[PDB]
Amino acid sequence: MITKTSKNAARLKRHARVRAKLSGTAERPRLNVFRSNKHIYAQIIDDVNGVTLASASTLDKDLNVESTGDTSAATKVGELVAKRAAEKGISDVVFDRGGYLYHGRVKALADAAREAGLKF
Amino acid sequence: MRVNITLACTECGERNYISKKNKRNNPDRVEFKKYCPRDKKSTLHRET
Amino acid sequence: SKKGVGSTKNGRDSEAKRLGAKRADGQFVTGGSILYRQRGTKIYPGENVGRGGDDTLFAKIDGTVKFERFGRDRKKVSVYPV
Amino acid sequence: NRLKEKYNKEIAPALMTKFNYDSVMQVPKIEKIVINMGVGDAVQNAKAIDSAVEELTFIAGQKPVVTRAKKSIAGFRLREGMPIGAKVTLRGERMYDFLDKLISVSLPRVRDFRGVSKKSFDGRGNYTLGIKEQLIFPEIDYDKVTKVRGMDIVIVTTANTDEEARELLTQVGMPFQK
Amino acid sequence: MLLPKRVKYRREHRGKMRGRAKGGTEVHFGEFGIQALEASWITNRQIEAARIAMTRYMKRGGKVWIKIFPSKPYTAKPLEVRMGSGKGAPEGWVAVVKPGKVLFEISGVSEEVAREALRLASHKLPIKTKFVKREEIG
RNA sequence: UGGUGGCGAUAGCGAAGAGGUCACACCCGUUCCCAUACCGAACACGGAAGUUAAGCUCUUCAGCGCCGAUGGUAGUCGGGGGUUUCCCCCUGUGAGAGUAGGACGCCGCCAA
RNA sequence: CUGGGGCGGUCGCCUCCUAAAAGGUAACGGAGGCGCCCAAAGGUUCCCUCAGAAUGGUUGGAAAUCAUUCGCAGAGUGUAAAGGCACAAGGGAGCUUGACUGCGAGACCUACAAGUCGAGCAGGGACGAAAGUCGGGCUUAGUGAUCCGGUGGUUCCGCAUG
RNA sequence: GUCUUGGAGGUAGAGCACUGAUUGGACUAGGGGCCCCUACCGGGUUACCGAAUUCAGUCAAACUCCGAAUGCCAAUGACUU
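Heads up: the sequence lines are chains A, B, C, D and E, in that order. All residue numbers for the first sequence refer to UniProt numbering, where the first residue is 1 and numbers rise by one. All residue numbers for the second sequence refer to UniProt numbering, where the first residue is 1 and numbers rise by one. All residue numbers for the third sequence refer to UniProt numbering, where the first residue is 11 and numbers rise by one. All residue numbers for the fourth sequence refer to UniProt numbering, where the first residue is 2 and numbers rise by one. All residue numbers for the fifth sequence refer to UniProt numbering, where the first residue is 1 and numbers rise by one.
Mixed in with the good hints there might be a few duds.
Derived pair list, reagent style BS3-like, types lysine-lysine, alpha-carbon separation capped at 25 Å [stated by the list, open to error]:
| hint | chain 1 | residue 1 | chain 2 | residue 2 |
| --- | --- | --- | --- | --- |
| 1 | C | 86 | A | 21 |
| 2 | C | 13 | A | 21 |
| 3 | A | 21 | A | 107 |
| 4 | A | 88 | A | 61 |
| 5 | C | 19 | E | 77 |
| 6 | D | 88 | A | 4 |
| 7 | A | 4 | D | 5 |
| 8 | D | 33 | D | 48 |
| 9 | A | 7 | D | 33 |
| 10 | C | 19 | E | 133 |
| 11 | C | 85 | A | 13 |
| 12 | A | 21 | C | 70 |
| 13 | E | 16 | E | 63 |
| 14 | E | 8 | C | 19 |
| 15 | E | 16 | C | 12 |
| 16 | C | 19 | A | 21 |
| 17 | E | 5 | E | 59 |
| 18 | A | 7 | D | 30 |
| 19 | E | 98 | E | 8 |
| 20 | D | 72 | D | 88 |
| 21 | D | 33 | D | 71 |
| 22 | D | 102 | D | 148 |
| 23 | D | 33 | A | 4 |
| 24 | A | 13 | C | 13 |
| 25 | E | 98 | E | 5 |
| 26 | E | 77 | C | 13 |
| 27 | E | 87 | C | 13 |
| 28 | D | 64 | D | 119 |
| 29 | C | 19 | E | 98 |
| 30 | D | 30 | A | 4 |
| 31 | D | 72 | D | 48 |
| 32 | E | 63 | E | 8 |
Just so you know, these hints were derived from the structure itself, not from any lab.
Given these sequences and hints, build the entire structure.
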């Protein structure tokens, strides 16, 4: 009877009001987080091209944790994907907050990217 | 009650502004902080 | 003859403040020149156009001026360079 | 957890066997209860809205929220602000001690209590319940205020139709007027 | 005798009547009607001069329809005063009549009653007319 | 199959089935990090018992909303005529509604 | 000013219509308003979405509040019309004072006087993790030359020199 | 200037997508009538008005979901001036 908003449903109404603030690229592709219930991802995307430049996720058979879906050991992907684009060298990227709060352990993904090098 | 009163400096004693404020709604000696060019920084500016 | 009956109650008018397309579709346009005066956002800005305090449209980096459409009935000013 | 262990052991499969659903989790429950004062001091001239705080926190220790008037009224008092009545929209496990204080404890402290509200459902599943007395709830002190108010308590179900919800509440065991 | 209840404005432009009407060039509710032939303003009193002088001749008759309705205030400055100085007093009401618009509809009536009950209202209306009946396709 | 994009509701409302190991989900708890004008509904956190029910995907429908003509007309530039509150031709444009019809999506990138 | 003048009424500013699909475009033509208000009704971070309707309830009433669906907007958007706005410029929190000094490439408008928009630079900030935004209120009204005196500051002049 | 092409703007027309105004029919929340009773709860009669809602159908300078004809702003290809 009580109709609820899904945590994916209204989240992309909070995500697009970040998408009206940033340009995707500027030799600096945008970088979003996807916080599911089980395991949490990271892609490096840029408008105009829509090219996912380099990516990985917590779902990765290489470099498992193996606690898999908990605190900042699951932000090794925040450490990995910044090290993954480090061989592309690109860049001091733009960071999407998705539709989540930049709070930790969503912040801790992008925390792991900065001492992995990338300036944001 | 709306009266336009300058907001003078405290580092140098220098008026430098005009602000709109209300005699009833803001009865205190009101204070903001702004930029005095003769003091070159952020500066305590009370009403005068 | 005549009786003196008035009056009209409605004589007043504002100063006519101007709007409309100040440039065309295909103009070279210097930096910071006003493309299109608006009361509100009757047309939105796109590439290399800002928005004024009067919500006006003015081009930052020079080049051509294209009036476009969002979809379905909503226009969009973008500036493309040479 | 005495009501909470009641339906988590028997009641939810009892409706499944009464009439079917797929997915045994598809069963209506207790969702949320919104207690109300609605008072507004009658009419703002007490001035103690906040008298309704002390009267309400001992139904359950949930901190309440005074409901602010979202409209200006031409026939009474007042324009917006100056809130009208308190509210606890309680949930969870404190939910399942509020109702154990209702059925076998405080609902017989309604004086002429036999059974009630044949038609007070909202048509599609909510259960409304007006309350006219306040010696009812147990941790209310008779040494205290001795002033008379009224209440609503709005029990919310999960079922699409109150068909399924009314038969749920009878498996809960709610005394209705028959 | 009809008037609009509460109009958005009390003094209005006079318009320019030309061409065929936007719609209602075809009697469709009842059986027989009059279709006008010229462009004119028809005042309030003339539809009052119609709904009376048809029910003279329609002693036991059907319902009389009127598809016209007045909404335009024809406007007079008070007489024997100079030009200008404000737009005048709203003198009453006046309807919009393009040519070609079927004015009335009359039902429950045969041919021969409708050729005189509808004729005599056309002597009161200031426009040359023609009788118009229905048609199926359809 | 999921995630992110780009394209005008031809992308949508609505009706109906089907899917869940993996993924997205609900779900479970609140000691933590952090939230409620109060409250683990939400927001945050860590976990895996239960689930296709809802979300979401696919599939059928054209009830609605949408797209959308051709022809023909209203209107009209430009001449020319009149019985001149208006009307008539000629040349060229051509609506709006309706309608024949389309459509309840394509095109990517990454990840399994 | 004027459909001779007088009496009446108006003199300036913002919005609409008349305005003829750029933009202006008149009359004693048709409507409203404006000589303010907000220390936050400003800036920013981050949330959320209306009005009305039905269904049932506490004194509860045609309506204050409270719950479930409807509800693309019929709500609000300080004040009044036009445009615009839900990804919000609409509501709610927190931190605040950018309601900023020196500017300003360039444009708009136009007799001039005026008026308007500004990308970008430096000085220092505010909010924000950053990205970044910020030179007042969604826009358009709410204001008036010069002369004359007063107040604060002046590594300016000073009537032979100080 | 003339042809091609790109546009901005909501007019004339139209139509009702809203702001209004409106014809007629179904639908009838409410009301009145008339009685019963109301000492009170209430009920029945309507060829009595009637809000919504709905089937059609009219009309707007301060109504537009739609939108012409020209007209203005320019481009780059010319062909004259």
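Hint-by-hint comparison with the structure:
A distance of roughly 18 Å separates the Cα atoms of residue 86/C and residue 21/A; the hinted pair therefore holds under the 25 Å criterion. With a C-alpha separation of about 69 Å, the suggested pair residue 13/C and residue 21/A falls outside the 25 Å cut-off, and the hint is violated. A hinted pair counts as satisfied when its Cα atoms are at most 25 Å apart, and residue 21/A with residue 107/A qualifies at roughly 19 Å. Between residue 88/A and residue 61/A the alpha-carbon distance is near 22 Å, which keeps this suggested pair within the 25 Å criterion.
Among the hinted pairs, residue 19/C with residue 77/E is consistent with the structure: their alpha-carbon atoms are about 15 Å apart, no more than 25 Å. With a C-alpha separation of about 22 Å, the suggested pairing of residue 88/D with residue 4/A holds against the 25 Å cut-off. The hinted pair formed by residue 4/A and residue 5/D meets the criterion: a straight-line CA distance of about 23 Å does not exceed 25 Å. A C-alpha spacing of about 30 Å is found between residue 33/D and residue 48/D, which places the hinted pair above 25 Å, so the restraint is violated.
Between residue 7/A and residue 33/D, the direct Cα distance comes to roughly 20 Å. Compliance with the 25 Å bound is thereby established for this hinted pair. Simply put, residue 19/C and residue 133/E have alpha-carbon atoms about 51 Å apart, too far for the 25 Å limit, and the pair is violated. A C-alpha spacing of about 23 Å is found between residue 85/C and residue 13/A, which places the hinted pair at or below 25 Å, so the restraint holds. A threshold of 25 Å between alpha carbons decides the hint, and for residue 21/A with residue 70/C the separation of about 18 Å falls inside it, so the pair holds.
Proposed proximity of residue 16/E and residue 63/E is contradicted: the alpha carbons are some 33 Å apart, above 25 Å. Proposed proximity of residue 8/E and residue 19/C is supported: the alpha carbons are some 18 Å apart, at most 25 Å. Between residue 16/E and residue 12/C the alpha-carbon distance is near 32 Å, which puts this suggested pair outside the 25 Å criterion. With a C-alpha separation of about 50 Å, the suggested pairing of residue 19/C with residue 21/A is violated against the 25 Å cut-off.
Taken as a hint, the residue 5/E and residue 59/E pair is broken in the structure, with Cα atoms around 30 Å apart against an allowance of 25 Å. For the proposed pair residue 7/A and residue 30/D, the alpha carbon gap of about 22 Å is at most 25 Å, so the pair holds. This hinted pair checks out: residue 98/E and residue 8/E have alpha carbons roughly 23 Å apart, not beyond 25 Å. For the given pair, residue 72/D sits about 18 Å from residue 88/D by alpha-carbon distance, which is consistent with the 25 Å threshold.
Simply put, residue 33/D and residue 71/D have alpha-carbon atoms about 22 Å apart, close enough for the 25 Å limit, and the pair holds. Proximity of residue 102/D to residue 148/D is assessed by CA-CA distance (about 22 Å); at most 25 Å being required, the pair is judged to hold. Straight-line distance between C-alpha atoms of residue 33/D and residue 4/A comes to about 14 Å, which keeps the hinted pair within the 25 Å bound. Distance restraint check for residue 13/A and residue 13/C: the Cα-Cα separation of roughly 69 Å exceeds the 25 Å cut-off, and the hinted pair is therefore not satisfied.
Restraint check: the Cα-Cα separation between residue 98/E and residue 5/E comes to about 23 Å, which is no more than 25 Å; the hinted pair holds. Straight-line distance between C-alpha atoms of residue 77/E and residue 13/C comes to about 13 Å, which keeps the hinted pair within the 25 Å bound. For the hint pairing residue 87/E with residue 13/C, the CA-to-CA distance comes to about 16 Å; that is within 25 Å, so the pair holds. Under the criterion of a C-alpha separation no larger than 25 Å, the hint pairing residue 64/D with residue 119/D is inconsistent with the structure, at around 32 Å.
Only pairs whose Cα atoms come within 25 Å are accepted, and residue 19/C paired with residue 98/E is rejected, the gap being roughly 34 Å. The suggested pairing of residue 30/D with residue 4/A holds, with an alpha-carbon distance near 15 Å, which does not exceed 25 Å. At roughly 19 Å between alpha-carbon atoms, residue 72/D and residue 48/D fall within 25 Å of each other, so this suggested pair holds. Between the alpha carbons of residue 63/E and residue 8/E the distance comes to roughly 31 Å, so the proposed pair goes past 25 Å and is violated.
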